[PDB]
Amino acid sequence: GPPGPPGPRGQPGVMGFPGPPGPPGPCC
Amino acid sequence: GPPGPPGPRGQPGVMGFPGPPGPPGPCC
Amino acid sequence: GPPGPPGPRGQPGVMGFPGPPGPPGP
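Chains as they are written, first to last, in the numbering used here: chain A, 1 to 28; chain B, 101 to 128; chain C, 201 to 226.
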């Protein structure tokens, strides 16, 4: 017989890294 | 004969994008 | 019959969190 249907979709990827730090604070 | 079994599960997705830059730092 | 083709790649992961606060001010 013919080949079977495509398999199930893969797991979602992992969450991305946090962004880099913000800029220096102001002179309050 | 009948169709074969479905294929293996797909690969995991790519890792998410990094987050954006953080907020300004606090006052001294 | 033979086994089917592999499934589609998973969805992309979610974006990461905003970064930490910056250095303290002067």
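What the hints contain is simulated information worked out from the structure, not anything from laboratory work.
Honestly, I wouldn't trust all of these hints.
[Said to hold, decoys possible] Coverage of chain A stretches by chain C, computed from C-beta distances (three or more under 8 Å per stretch; other residues unrestricted):
id, segment
1, 3-9
2, 16-23
[Unchecked claim] Ranges of calculated distance between the beta carbons of each label pair, as one might list FRET restraints:
id, chain 1, residue 1, chain 2, residue 2, range
3, B, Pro-118, C, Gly-225, 19 to 27 Å
4, C, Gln-211, B, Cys-128, 22 to 30 Å
5, C, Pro-221, B, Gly-104, 54 to 62 Å
In this text, a Cβ means the ideal position worked out from N, Cα and C, and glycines have one as well.
Hints versus structure:
1. Chain C is given as covering the segment 3-9 of chain A, and this holds because 7 residues of the stretch bring a CB closer than 8 Å to a CB of that chain, at least three being needed.
2. Coverage of the segment 16-23 of chain A by chain C holds in this model, with 8 residues showing a Cβ closer than 8 Å to a Cβ of that chain against a need of three.
3. Judged by the Cβ atoms, the range 19 to 27 Å given for B/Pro-118 and C/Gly-225 holds: they are separated by roughly 25 Å.
4. At roughly 44 Å, the beta carbons of C/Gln-211 and B/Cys-128 sit outside the given window of 22 to 30 Å.
5. The supplied range of 54 to 62 Å is met by C/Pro-221 and B/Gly-104, whose beta-carbon atoms lie about 56 Å from each other.
Hint compliance for this structure: hint 4 alone is broken.
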